[PDB]
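Only one chain comes next, encoded as structure tokens, the form deposited without this ligand.
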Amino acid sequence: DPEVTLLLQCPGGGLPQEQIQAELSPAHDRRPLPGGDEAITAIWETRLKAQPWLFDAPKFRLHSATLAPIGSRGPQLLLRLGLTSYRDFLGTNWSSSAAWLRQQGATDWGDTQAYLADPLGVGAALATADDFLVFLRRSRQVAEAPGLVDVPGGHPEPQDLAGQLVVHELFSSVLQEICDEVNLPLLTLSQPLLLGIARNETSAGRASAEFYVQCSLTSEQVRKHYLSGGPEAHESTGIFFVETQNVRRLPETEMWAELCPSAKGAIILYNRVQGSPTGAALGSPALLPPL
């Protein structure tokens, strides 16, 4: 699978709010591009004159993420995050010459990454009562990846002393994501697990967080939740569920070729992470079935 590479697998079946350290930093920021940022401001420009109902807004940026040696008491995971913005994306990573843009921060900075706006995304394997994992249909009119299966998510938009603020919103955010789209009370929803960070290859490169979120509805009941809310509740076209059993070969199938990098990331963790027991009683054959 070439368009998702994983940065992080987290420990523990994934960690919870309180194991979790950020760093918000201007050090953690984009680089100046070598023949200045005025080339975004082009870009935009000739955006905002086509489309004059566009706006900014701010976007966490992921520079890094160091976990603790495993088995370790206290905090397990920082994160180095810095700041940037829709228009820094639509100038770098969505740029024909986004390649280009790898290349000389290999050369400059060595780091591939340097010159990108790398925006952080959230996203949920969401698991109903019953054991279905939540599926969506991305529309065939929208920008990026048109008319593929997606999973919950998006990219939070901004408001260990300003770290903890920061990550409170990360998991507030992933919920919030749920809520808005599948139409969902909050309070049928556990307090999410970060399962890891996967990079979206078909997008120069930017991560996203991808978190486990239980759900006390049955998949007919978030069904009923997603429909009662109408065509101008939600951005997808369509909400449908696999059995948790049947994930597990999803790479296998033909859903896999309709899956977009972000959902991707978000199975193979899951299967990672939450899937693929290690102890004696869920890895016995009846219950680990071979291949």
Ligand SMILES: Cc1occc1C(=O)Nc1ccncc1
The other form holds:
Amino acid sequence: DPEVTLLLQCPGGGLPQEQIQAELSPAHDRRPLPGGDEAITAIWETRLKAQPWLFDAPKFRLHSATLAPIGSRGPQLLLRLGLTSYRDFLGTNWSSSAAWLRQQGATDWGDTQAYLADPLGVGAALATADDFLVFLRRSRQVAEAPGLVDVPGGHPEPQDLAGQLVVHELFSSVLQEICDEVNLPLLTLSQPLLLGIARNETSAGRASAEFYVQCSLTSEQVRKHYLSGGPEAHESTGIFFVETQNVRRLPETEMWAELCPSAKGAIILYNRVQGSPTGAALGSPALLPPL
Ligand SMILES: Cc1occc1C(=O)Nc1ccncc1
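Can I have the other form now, the form solved in complex with this ligand, not the form deposited without this ligand?
Shown next: the complete complex, the earlier chain at its head.
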């Protein structure tokens, strides 16, 4: 899977909100482009002159994420964040020249991402009460990953002492994205655990935080909620469910070729962090069948 790279695998089965620190600093921003940010402005102008209803939005930028020594007390992860925008993404990660920007950032800064917007996405491995994960089918008419399978998620918008409010907005955003797209009541959802961070190499290395969320409804009840919104209550064109039993071997299935990169990152991290038992009971052959 060359289109996805793991930046972070969390310990302990995944980290809760209370164990994560953020540092939000202009030192973590994109570097101005070599020949100036006028190249971003030009792309944006061209786009607005064809689609004048489009609007910019701020986004969080991922600079880096450092894990504490495993087994330690205190905060377990430090997220280094800056600010970016949808406009800066369209002018850098989405540009035809994005690979040239990656080479120049290696030359100039020793950092392939230094000239890239790299907005932080969020995604969920969302489990039902009857042990299925939730999948969504993408419209064949959108610009990004048309017609491919996704998981719930999105790209959160801004508004350890500004840090803790930023970590709160990241965790809140993955629940809000599940309520808005799957049409689930907020009180049917567990507090999220962070599983890790995955990069999309087809989008010049932009990263997504991947979370585990448990729902108290069965697959049948989740389907009813999604569908009862009607076609205008969701951006996706369909919902479907895979038993957690069968997610273990998903990369060997014909489904794997239809998964978008950020959904592949969610399923690899689910399998490594929530799957893959370490203990004698769950690791016994009748409960963890070989192969
Ligand atoms: C990544 C991180 O975020 C906040 C603190 C740390 C960290 O590394 N903590 C630590 C270092 C050394 N011994 C024990 C714990």
